[PDB]
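Heads up, one of the protein chains got dropped from this complex, but the rest are sitting where they should.
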Amino acid sequence: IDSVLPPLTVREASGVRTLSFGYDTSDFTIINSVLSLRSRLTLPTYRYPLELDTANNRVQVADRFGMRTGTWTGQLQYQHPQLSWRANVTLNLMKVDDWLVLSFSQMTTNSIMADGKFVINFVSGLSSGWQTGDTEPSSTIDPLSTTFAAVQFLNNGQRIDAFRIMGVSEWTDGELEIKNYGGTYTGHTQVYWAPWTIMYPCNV
Amino acid sequence: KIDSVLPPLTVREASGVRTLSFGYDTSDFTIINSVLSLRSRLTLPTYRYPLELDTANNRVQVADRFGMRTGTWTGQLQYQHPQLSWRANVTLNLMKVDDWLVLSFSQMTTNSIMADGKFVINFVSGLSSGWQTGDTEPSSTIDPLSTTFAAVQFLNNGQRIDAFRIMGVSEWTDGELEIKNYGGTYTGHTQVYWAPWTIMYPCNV
Partner (left out) sequence: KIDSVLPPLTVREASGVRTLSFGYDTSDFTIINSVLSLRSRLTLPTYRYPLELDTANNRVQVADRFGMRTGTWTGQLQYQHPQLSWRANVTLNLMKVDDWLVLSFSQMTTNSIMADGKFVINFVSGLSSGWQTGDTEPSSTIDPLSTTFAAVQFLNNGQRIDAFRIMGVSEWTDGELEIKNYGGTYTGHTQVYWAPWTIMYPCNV
């Protein structure tokens, strides 16, 4: 080789011509006498609800995060020291972001006291894809949320309009507790409940 | 002449032939077309809304609009019942918060209503700028999607009677949102004063 071009360089100090390769020190280095990249970049992974769409090399929020549906089939338990019963219900469930929504269709139940508790046992009854743990609230604050239910008290053929205030109050080993603090009331033998929804924070 | 070399450059005089080569990291680079080239150049991913890349500061973030996007719908609130139906001019405030759509009703005075009935909002037209009809479509068919109470005053021959109305988001069909009034307390009346109220439902558009 007669002469050389950059990056290649020849330095002829002390009557001895020596060839050397020139690189950007920030970009490269020599490791085990070979040109190596300095800091090879490892691409991060993503935790749900963030996901990598490998097909289009795109990071996105999972679709299910905005909406995940399900159903719970079981017995709605009403609890009061002087009165308690079980009614067969099917409620719709929807996970919207960090919230769990419960949707009750209309229902006819036995009579209730001026106040009381409703208990939903998620230990069993959940539709496919759902685990009991998926219904656990993300806080122990009481109440997590309150809503009103519109009811009709049935007493000797007449239907009497009233309301019931409902609060999500507790979750214990898969048992969700919805307190009925009260509302308007009259003596009755049976209750007609219009549809209603209740939701609470849930980050599972 | 070039007397000697330094790494990466190496001279192996193997098989009676003094030959020069350039030593590189086998996994970082590979020669192709007789030029040093990067073995696996990394393509950086793109981002789907609400994730966005702030190119100015090279920062990935959640879009601001995702947390809050406001709007208005101007149109006629339709009340529907077989024995009574009417249209009232309203302007509703709308707000997209995350994967929820909130509807905000200001106070209103309407004609009388039956013990139960439907409210229909036609989003086909009336939305403010930036909003499309499709933007109001719920993300589920569950009925009801959400329920709330509206506080009302029934006007009947001069006296104002306080009552409530339960409202549920029940259906969306080709831009028509249906809000069912299942019932609540009631009395015979000439007109209804509605206090303000909000209702929201899941919406991932």
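Structure notes:
Each chain gets a letter, A and B, in the order it is written, and its residues are counted from 1.
By definition in this document, contacts are C-beta pairs under 8 Å (C-beta built on N, C-alpha and C of every residue); 3 or more make two chains touch, one makes a residue touch a chain.
Only one residue from A:3, A:82 or A:156 touches the chain missing from this view: A:3.
From the options A:79, A:145, A:155 or A:190, the residue with contact to the chain not on display is A:145.
Interface residues of chain B with the unshown chain, by the touch rule above, are 1-2, 11, 17-22, 31-38, 41-42, 44, 51, 53-54, 57-62, 64, 66-68, 70, 93, 95, 97-98, 102, 104, 106-107, 148-149, 151, 153, 162-164, 195-198. Mapped onto chain A, contacts with the missing chain fall at residues 1-9, 19, 21-24, 27-28, 41-42, 44-47, 49-50, 59, 97-99, 138-139, 141-146, 148, 163, 165, 167, 181-185, 201, 203.
In this section, only the chains that are shown with their structure count from here on.
Note: centroid distance chain A to chain B, computed from Cα atoms, is 17 Å.
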